[PDB]
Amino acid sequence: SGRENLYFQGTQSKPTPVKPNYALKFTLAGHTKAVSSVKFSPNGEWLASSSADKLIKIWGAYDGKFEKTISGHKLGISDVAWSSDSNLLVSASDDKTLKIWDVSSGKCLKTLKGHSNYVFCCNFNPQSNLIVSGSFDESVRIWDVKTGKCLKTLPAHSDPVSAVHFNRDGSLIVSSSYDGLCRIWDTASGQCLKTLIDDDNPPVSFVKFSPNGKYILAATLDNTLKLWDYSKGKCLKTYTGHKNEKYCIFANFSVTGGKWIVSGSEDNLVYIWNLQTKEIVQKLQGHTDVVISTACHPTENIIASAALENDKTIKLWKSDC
């Protein structure tokens, strides 16, 4: 308070690299089967979780407080995603549908039908007038949010689609599949603009664009994450040390503090790497099954992690940096 606020800490010529200090704050229990996917709302207020138990739950991002259960899918749910204004959610289910939900009321606004097998992954575009979905039926679909109609069906893959993500302005979609391909699609035209292959093409279990849209982060089932300049077709960074040979585990760019890569792992840990140096900077211990999903809070140094059937919980972790 007052004049003593302005307190000089000293000069440091050699920078000393920062490591995060994520510490467990809350465990969120209530799902009765494996959790599938957790995502923070863009406005930072909420965490949504989806589960094999057919339910979506909403939780306070800062206090871990249970808010509501959202129900309606007839079978398990593999993914959930928020609209840009934090008002809507879309979910991808084994019942072959996606559902669009009003988060405040819990009501299903639209059921998106067209896929011929489990819907596995989903995302809104930044404008949030479109949804992209990936399915066991091997296709990527692009949906009109307002009408619920399928606008395009992309014959994207020759195996289930493991992930779909729009870039920062919605102009591109990236998709991945156990077929070993990452593929870049023009949103407007539906044309494949590029196919990225790892070489002996291991199954690709996850993809997403970097925040700045220049890179894609891709997980492959040889226990490896890779950061690609998709346009140059060049791999910039490789992240290893975790376990990923079986499942579609989410990974993330942590951008609120130190620049990290964050992933789940089949050894029940959350892994955190320094993005540039590729060194593991933290491993978060607490879960008792595969950490299938992780998410990074938009403004605070908070990570949410969620685990499979032997655990069924979500954990919220917070770091000073």
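Numbering follows the first chain given and starts at 1. Only residues modelled in both forms are compared. Throughout, rigid core stands for the largest set of C-alpha atoms superposing within 1.5 Å between the two forms. First, how it differs from the form solved in complex with its partner chain.
Only one of 85, 200, 222, 169 has its Cα shifted by 2 Å or more between these two forms after fitting on the core, and that residue is 200.
198 to 200 is the sole run of three or more consecutive shared residues whose C-alphas all shift by 2 Å or more between these two forms after the rigid core is superposed.
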The other form holds:
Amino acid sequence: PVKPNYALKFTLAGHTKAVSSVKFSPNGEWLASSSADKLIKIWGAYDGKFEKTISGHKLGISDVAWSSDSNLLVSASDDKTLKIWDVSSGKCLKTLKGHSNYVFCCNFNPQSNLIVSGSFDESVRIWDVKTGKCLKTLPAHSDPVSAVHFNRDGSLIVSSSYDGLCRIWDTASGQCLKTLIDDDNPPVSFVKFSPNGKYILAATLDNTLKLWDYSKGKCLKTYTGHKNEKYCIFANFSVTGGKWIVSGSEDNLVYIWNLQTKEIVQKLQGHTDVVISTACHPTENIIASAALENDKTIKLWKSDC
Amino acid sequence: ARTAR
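Form solved without its partner chain already given; the form solved in complex with its partner chain follows:
Now the full complex is given, and it begins with the chain already shown.
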């Protein structure tokens, strides 16, 4: 409607250090969280009930992502590796080795035969899920890579970096197809394609989110009012109800904007530290949010629209 | 990590 009405339903406690990332499983049943405590935890998406802990990394984890069938997770760690996990058994199926520094971000493609990763070593790597081998190393950026994401059919990858650039890569060739540059190039702390693949949402460390038309190469919308100068905060498109943009903020709030008019429609209060990560449920109007060291909780919020 | 304060 005019505005959603997200209200706190559950607070999920259990990580002993900052939460780095939260993601809903594509089937809607689960939430996964990753933490600086080196753990992944699985929670019920609808009741917030703790399910299990998945362990194995030697250092903190910056990101987690689900496979399309909701059976696998990939995690990205400061230990310079990714791990692929069988969620039900908890087994580490593969350890993806090859980055020379912290691995910061990760995602499966829609077919889930590939994983993309970005690292502090300034490269983007494409991996084969079955063999666990690296297929390509792209010399993508001249500073740490902050996010990597496949488009809807897996043909393209978007990457962002502290070097101020967003780049679009051909998955099969590894060719850089596009570099997005605005009037200015502050660090880019997050990027993802819109669900329809026509747009890219990019966060920058000047308290600003930008919606780019991908093939026309131009910034169409801008979202402000939040605080984001230090951390790589996730952002989302919310599509189950009203069309929103959702993001954490360094003032401890979750911000929801009307995608089209660009106005703040709600600010969610409850966290006691930086909201680093938000996720939108695939079928219900539910948002998960997660905070840094002084808070350590995950919250599940639900709206009537 | 992403959380590094």
